[PDB]
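This document starts with one chain, in the form solved without the named molecule, laid out as structure tokens.
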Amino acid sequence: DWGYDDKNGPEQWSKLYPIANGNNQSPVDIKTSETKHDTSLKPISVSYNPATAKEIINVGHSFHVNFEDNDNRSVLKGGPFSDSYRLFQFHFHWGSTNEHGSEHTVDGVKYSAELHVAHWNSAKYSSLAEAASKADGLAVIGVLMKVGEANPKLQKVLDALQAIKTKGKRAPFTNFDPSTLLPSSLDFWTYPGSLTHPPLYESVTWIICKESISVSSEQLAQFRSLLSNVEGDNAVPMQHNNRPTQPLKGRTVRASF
């Protein structure tokens, strides 16, 4: 028990996860004017194989689209990294309002929702398990969602939610390339942070997309419609899962433009 409500939410997490009060916590607010242009940065290059898509699962606090990672069939290369990271998942972050659900913030501004595309260093570690705790183990792309116009590339994801209504339900989810969800240009901010929920490892190199993608209120309504309870129990909706921002504490956020 760790959640997003008062008794076990983000303000309490530290009682248990002392690393909550670390020096590399995420999300952070991004101050555009204090960011630092690094000419060593490369374009990120994604290469997913839609055939790696596996399942979609309800984890109570969120939902997950999991990927087969026994190969280098779906990888991320470029940006800051000199080796390649293997794709293992995507998931979203939202809030109880359609207007305030992002984790990362830009210049004090909170977006409606956030997608995270997570990878691990296959070059260096043997599994996600090993990798998960090391300084350079994970890399996540974060895409800011802005409420507006319906985003039709999210349809295959929403139809799938029907089958994963309550906690612990899984379903097959295949032939899906997540790179369909990224913005048009892939310019980014990067900083050293961590997972945005327990275990809160500071094992993540973030990549925030300069560009946002859309979603409508009703799409968003859908996420918030899943349940956190097991089937047969009283309904408890998946209202929100976003962490407030954390002091930057000496960290530098670099830009690829």
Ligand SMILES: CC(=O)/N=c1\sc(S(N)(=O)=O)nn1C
Contents of the next structure:
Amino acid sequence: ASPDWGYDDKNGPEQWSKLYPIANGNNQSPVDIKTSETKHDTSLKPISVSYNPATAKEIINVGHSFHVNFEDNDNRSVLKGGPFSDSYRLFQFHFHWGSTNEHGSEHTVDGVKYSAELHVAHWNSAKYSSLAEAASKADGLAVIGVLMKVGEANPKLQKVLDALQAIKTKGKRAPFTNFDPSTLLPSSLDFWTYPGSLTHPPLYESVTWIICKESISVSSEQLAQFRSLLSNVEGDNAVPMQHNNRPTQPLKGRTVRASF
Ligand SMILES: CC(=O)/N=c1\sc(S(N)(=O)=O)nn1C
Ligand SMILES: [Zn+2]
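Coords for the form solved in complex with the named molecule, given the form solved without the named molecule:
Okay, now the whole complex, with that chain kicking things off.
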């Protein structure tokens, strides 16, 4: 239980349950969003993101992916509105991609898989005292997912792509400062929401998902750069981060609410 899970045949998503029984839970993520079955909730408020760029701290290779971490000792960068009554503190953003540029997202819409997906995660600092605590509670986290569709290159990604040079292998880290992740969100913030979980181990069912209706672009060459990062530690044989997406999971009676 100290660790070893992956995205390969051997320790991949279809095997995770032998180690983490919650993989077969009732609130697993991601899911397929059937637009004809969502329900308009008039109580939903517009989402309000207020991030401080000086809160950007570092970028690190974690082997299965890379994370962009933020200082979360204060409420300098918060997520408000939507379905929530309390403020959520920003802590990180990361991406998910596939082995092909066409299909790599986690969530799907009407049975359609996007190229990639951006996740902006927050934790309930109004209720818990640390991310470690919140991480396992039902109302513990809030993640904004933004679907990515291959086409024209997205210049808003450049600073992230540039930083990838310094964290080529697992365990490498570098300072990553003065950046506001809201610059990556689509122009409209109409969304879908549903209760779910972390999409990789530990798979806790502690996330309130916010999926933006509108997608963002990325070219195939930008994606190729994600796919060029290595999962091995410095000095060993090269093993590229080919994919890190989980298949969609049974909805099991949950409701996907729409803000429109
Ligand atoms: C604590 C935490 O943020 N964990 C993560 S965030 C995450 S995700 N992909 O955003 O659902 N998956 N996991 C394992
Ligand atoms: Zn994620």
